[PDB]
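What follows is one chain in structure tokens, specifically the form deposited in one PDB entry.
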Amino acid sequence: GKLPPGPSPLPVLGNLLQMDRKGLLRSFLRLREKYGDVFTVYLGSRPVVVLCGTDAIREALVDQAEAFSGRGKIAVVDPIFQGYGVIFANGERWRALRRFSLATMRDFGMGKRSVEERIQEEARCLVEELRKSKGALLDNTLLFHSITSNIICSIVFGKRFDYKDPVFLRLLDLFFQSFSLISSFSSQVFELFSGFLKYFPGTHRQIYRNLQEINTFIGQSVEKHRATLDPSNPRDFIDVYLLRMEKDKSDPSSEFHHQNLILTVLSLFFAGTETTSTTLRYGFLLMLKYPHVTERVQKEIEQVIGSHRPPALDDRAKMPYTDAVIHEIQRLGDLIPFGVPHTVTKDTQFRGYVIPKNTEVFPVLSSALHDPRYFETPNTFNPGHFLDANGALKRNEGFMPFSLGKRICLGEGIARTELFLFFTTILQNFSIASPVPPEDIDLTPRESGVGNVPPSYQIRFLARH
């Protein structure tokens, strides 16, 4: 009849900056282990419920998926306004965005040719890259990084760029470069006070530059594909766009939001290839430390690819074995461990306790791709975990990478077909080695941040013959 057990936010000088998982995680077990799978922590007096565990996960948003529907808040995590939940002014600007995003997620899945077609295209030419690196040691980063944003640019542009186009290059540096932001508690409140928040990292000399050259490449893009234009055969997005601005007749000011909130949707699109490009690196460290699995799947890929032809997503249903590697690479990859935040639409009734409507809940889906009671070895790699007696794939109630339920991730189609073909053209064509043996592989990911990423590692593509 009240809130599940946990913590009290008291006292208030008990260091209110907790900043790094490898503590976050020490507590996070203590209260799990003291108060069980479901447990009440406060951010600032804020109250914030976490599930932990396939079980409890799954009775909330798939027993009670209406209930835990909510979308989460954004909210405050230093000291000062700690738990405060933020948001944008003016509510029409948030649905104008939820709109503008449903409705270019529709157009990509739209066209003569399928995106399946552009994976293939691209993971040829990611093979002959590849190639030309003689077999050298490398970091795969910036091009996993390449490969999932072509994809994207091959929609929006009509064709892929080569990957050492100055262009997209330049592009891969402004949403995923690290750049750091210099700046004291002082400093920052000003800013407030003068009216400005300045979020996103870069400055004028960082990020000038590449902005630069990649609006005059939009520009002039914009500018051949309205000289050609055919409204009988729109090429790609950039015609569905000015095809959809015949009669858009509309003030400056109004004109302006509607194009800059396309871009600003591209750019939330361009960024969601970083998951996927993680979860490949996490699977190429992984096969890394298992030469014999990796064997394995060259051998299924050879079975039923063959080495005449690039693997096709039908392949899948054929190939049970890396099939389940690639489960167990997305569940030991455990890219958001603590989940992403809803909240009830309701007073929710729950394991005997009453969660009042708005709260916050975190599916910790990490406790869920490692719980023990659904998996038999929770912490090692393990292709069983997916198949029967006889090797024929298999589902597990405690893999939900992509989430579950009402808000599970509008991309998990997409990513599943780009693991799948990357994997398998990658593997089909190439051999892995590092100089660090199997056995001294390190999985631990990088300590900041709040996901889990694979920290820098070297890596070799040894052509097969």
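Residue numbers count along the first chain shown, from 1. Whichever C-alpha set is largest while still superposing within 1.5 Å between the two forms counts as the rigid core. What changes on going to the form deposited in another entry:
- Lining up the core between the two forms shows that one residue from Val189, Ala392, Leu142, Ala317 moves its Cα 2 Å or more, and that residue is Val189.
- Once both forms are fitted on their rigid core, the CA atom of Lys164 lies less than 2 Å apart between the two forms.
- After superposition on the rigid core, the Cα of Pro383 moves by less than 2 Å between the two forms.
- For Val127, a C-alpha deviation below 2 angstroms is recorded between the two forms after rigid-core alignment.
I've shown you the form deposited in one PDB entry. Could you give me the structure of the form deposited in another entry?
What follows is just the one chain, with no partners and no other molecules.
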């Protein structure tokens, strides 16, 4: 019962504790080189198994899906962490989230328009909004944040907001705008001894100002909903949930309920949506750099959709190249380098070694996204990574931006639809330009850490007509 090959732990300080993305990337390439695709690294009295590349990951997530279906444990004591962390600490709860979203999506087509439809509409308002700029230089960051969020809003709150609407413009900041944290060793030391640091450790100071403001909007939205709830005609996710806890009314569990709800929506709302908004953004940075490929995309749109018909989810199958560009964008955007960690639910043999129950495993997705065994030019934008001999779309075995297995992204589908419609629509209507020349656009992600996010950039949308 030996774990896989690995380096030597350093006691309670950290052999490699505190390294930065670049330093670790260097360390990671070495470890993988020293031990292979499956190695063990030791941290704070615990071993985490690291899976590298297409094969190792697939052997784990897919060939032994259940064994690896455990989600990384989260152990801390706080107020905020306790109440919420618990709600989703269990693996069963995660399943419950899926089980509800799929069934609800199936049985309750809520509001005279399907998902693909609400996205075709949002794109339509985007094209309407993009003209209101009249060819100026703006930052897609907020726009792309708006459109992708509106979708989650529609499906959950039963409506979409207008890009200028304050209730929306402000909610967008609550979730997506970054807050700088200012501290100094001096101040930190003072806080620790007399700081009541146990009370506002790290980021709590900031979150609570958003958390309270958010818990408010939801809380009051749930309320406006519950009062107009036609039990024969639900309108959105919230109604369909209200109808469920109408039995549990006359109990104080409602406070527990409402809280259950808030995170689910935020977790659903921000992590998926933010990732999608970033993917789009990154997508257009690429589009600027490689104008050649941007043209083909446009030319193809023209041969299948034309200049007037709004693009639909059915064109994706008749547009192999544009679909290939979107795969590449996801492969290179690579927003989740290490990927959410797993925990193996039982004593699991793996390539001969033995990973004990609850041994946290890291499926490094980036190592697959860039896996040389599966991509001709692993670090170069190349739509050919996904096109067969006859210019048709072949699947690449190493393409897993949404991870794999039982634990795959609950929004993988809804996301890819957003990506294709938003992309083809924008490009069917507008032409893109930037101050920077393509050959000087740097794609290198600003990498504060824990995720790839592209550098800021201006962009110009020109209506072809």
